[PDB]
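A lone chain, given as structure tokens: the form solved without the named molecule.
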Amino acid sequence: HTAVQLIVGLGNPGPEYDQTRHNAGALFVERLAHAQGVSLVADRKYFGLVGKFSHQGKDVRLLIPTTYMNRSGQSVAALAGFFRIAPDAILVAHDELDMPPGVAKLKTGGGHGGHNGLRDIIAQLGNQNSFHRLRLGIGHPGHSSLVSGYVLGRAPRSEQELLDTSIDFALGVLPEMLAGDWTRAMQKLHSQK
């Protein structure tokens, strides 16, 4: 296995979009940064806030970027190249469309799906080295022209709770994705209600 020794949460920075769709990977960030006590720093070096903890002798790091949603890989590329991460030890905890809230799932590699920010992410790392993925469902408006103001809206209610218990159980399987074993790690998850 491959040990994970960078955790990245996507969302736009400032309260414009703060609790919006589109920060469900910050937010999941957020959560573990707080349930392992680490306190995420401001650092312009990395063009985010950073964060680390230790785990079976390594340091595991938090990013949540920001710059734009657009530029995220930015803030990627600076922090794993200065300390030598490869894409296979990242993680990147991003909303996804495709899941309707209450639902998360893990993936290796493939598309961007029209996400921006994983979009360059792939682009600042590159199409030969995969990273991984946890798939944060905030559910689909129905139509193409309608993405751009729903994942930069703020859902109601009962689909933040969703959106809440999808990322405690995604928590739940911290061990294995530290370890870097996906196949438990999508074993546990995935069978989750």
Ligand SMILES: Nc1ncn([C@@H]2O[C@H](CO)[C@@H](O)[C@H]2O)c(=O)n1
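Numbering follows the first chain given and starts at 1. So that the term is clear: the rigid core is the largest set of C-alpha atoms that superpose within 1.5 Å between two forms. Compared with the form solved in complex with the named molecule:
- Of the residues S54, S144, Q128, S158, just one CA atom moves 2 angstroms or more between the two forms under rigid-core superposition; it belongs to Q128.
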Second form
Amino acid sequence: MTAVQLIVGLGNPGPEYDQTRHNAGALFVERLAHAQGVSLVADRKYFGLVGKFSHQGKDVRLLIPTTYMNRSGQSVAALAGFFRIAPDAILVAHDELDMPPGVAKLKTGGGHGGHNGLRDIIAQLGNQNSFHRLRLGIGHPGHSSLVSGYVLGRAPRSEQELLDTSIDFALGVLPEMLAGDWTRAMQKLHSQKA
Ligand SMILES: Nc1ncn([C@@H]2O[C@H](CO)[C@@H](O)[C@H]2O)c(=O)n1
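Just the form solved without the named molecule so far, so send over the form solved in complex with the named molecule.
Entire complex below, previous chain first.
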């Protein structure tokens, strides 16, 4: 029903955070941009890297915020506000503790689950949580005390590859996602196995 006009990939900026688990969303958008031949331009006005492509006669934008994760909403609100994009036309890709590496799922709305990127977006969008999420499994360390070090760590080879695989799976349902056919996207996606 509602075409996606903005795809956001969450991550922390800088060499220290590059390739860490918490940057799974940004990796997805990087991959997507490369596959679609889209340049990601550093644009201070949107506090991030912004790309654009055309699909079915509409501009679709790609955003990787270059705020810290906990201020990602500032970036999403700037770009969405400027182009008058409603939450229902936004997809946010992010790392998900509650699914293992190799699993990707889609979800509309819900809470943030302790993810400070998602939390700031919900807050900045005038407390609207009804955007869509691409949830990219990164596994869970096994206790709450270990979570912060875990998401800011670099995963071993095996887990990284599994993430790459889930990103591949998600890119396979891009047509459905872009069209806003979440029902069909979920059917195709939630039946894949790494
Ligand atoms: N439950 C939970 N707790 C924390 N975090 C992230 O860990 C990072 C480093 O502390 C923070 O930026 C949270 O987004 C998270 O993603 N989920």
